[PDB]
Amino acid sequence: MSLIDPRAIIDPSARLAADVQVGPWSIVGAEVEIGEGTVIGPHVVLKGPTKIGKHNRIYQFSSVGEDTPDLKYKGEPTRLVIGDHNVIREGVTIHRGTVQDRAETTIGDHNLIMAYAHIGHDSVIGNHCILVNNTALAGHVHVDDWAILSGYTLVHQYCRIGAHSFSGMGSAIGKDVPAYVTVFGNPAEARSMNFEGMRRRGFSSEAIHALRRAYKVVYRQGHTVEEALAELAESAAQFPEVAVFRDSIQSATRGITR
């Protein structure tokens, strides 16, 4: 019968587009905004200030928009922003981040965040990412587009997870993961690149070839990071996809996973 179930609790300051659905026993707290086409399941807790975009789905037992730990001071404004076409499965926890220092927690578009995954404060997820069951981002974690974190992947605070990268199940990531790289184990170790994912995306053969060579430059020829960046310079100018790889290594603050 009604799009907003009568058993849900909707705070008067929440703002919901006219077609939003909310299931029974869900709570949509103060300062939570929900855009067109989004479906909130039953037994969902939403807390704000939080903006959720269009055409999202949030499943049962999720807590989205929770308090950030250790604020600089009491009542520093925080925020969580979720874009469009995302799926947040059961039991997921997502915390807000601080606004003043531009460290909101942010999730882009077309992401899949699977059961019991955890998105810690100030983390930023791009587009078309997949965080499989029980993945946990500790805090201040940046996950660039098309990355796949397999089940039970744990990510240390401040780590960057490169575009189109891949972690194996149960991986424990302490350092940055360069774009395209595949990591496994606890502690995580680089193995290869996700050539599969490149093909599914339609990369040319020449760019794949140039990425395979780039992997060897960084990981298999005894170079220092500095020497590898200088050697990749030329290929990175020719192939935007190698520039993605090179740029991910240059902006690494915690060293790269090796």
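Each form is matched to the other, and the largest set of C-alpha atoms that superpose within 1.5 Å is called the rigid core. Residue numbers count along the first chain shown, from 1. Shifts are known only where both forms have a C-alpha. First, how it differs from the form deposited in another entry.
- For the residue set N194, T38, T68, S26, core-aligned C-alpha shifts between these two forms reach 2 angstroms or more at a single site, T68.
- Relative to the superposed core, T98 shifts its CA atom by 2 Å or more between these two forms.
- In a core-based superposition, a mobile segment is defined as at least three consecutive common residues whose CA atoms each shift by 2 Å or more; between these two forms, such segments span 68 to 76, 98 to 103.
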Given for the second form:
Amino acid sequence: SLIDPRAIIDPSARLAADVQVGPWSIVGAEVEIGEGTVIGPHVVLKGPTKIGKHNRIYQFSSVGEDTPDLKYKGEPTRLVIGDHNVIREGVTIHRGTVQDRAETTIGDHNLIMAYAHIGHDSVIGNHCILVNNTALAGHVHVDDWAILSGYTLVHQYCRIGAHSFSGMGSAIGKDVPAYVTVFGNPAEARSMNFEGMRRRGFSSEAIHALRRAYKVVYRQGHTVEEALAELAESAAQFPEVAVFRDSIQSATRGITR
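Next, report the structure of the form deposited in another entry; the form deposited in one PDB entry has already been given.
Just the single chain follows, nothing else.
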């Protein structure tokens, strides 16, 4: 059928009628798979885990394993994956811990390339790209349209802002505000992702307002609280600047400079 007979499907697994599963893949207990999803060959799915519609998961991926994190001690934690995601070769995704929200969450239209790691309790939004070997250490929040280039390392609890960009081999120990571009080990704030803003149809007015907001946070010698007070006027006028100001206000590990 669409389920390869060489696949192991746990009787407790729930598959929508058109789900494809390849040879030598394991669909574990308490795994749910939504309509149109294709599971390649040599995939291990472990639950409790929910996968949505029209997803593609590639060979040698381990989706829904326990974190090796020594704070995890066997409790019933979840992984939720949305719709229209692509999960490439050798990707590892772990379920959450009771210490946080007992859930790891991915939304829709994400591209997660080969040997990427999505650590316990991470939250990925929609339309994100994680290039080869991007490692999210745990409790990492990645907001919509962020792009992490190959071998980007993200420390535990870091927030990656909407429409942000990391250069290849970036080592992120602090939060990346929305729209900010970071490079290097350790990661350094260069500019804003003006290329991504134009690709996603931002107004000229919003881009100019974001250009000015960067300057207020990074280039006028303000403390963060001083910069947040200076951003208030622009943030009230433009939602993009409010997105920026909020990423800064909610950046619990401080911002990448």
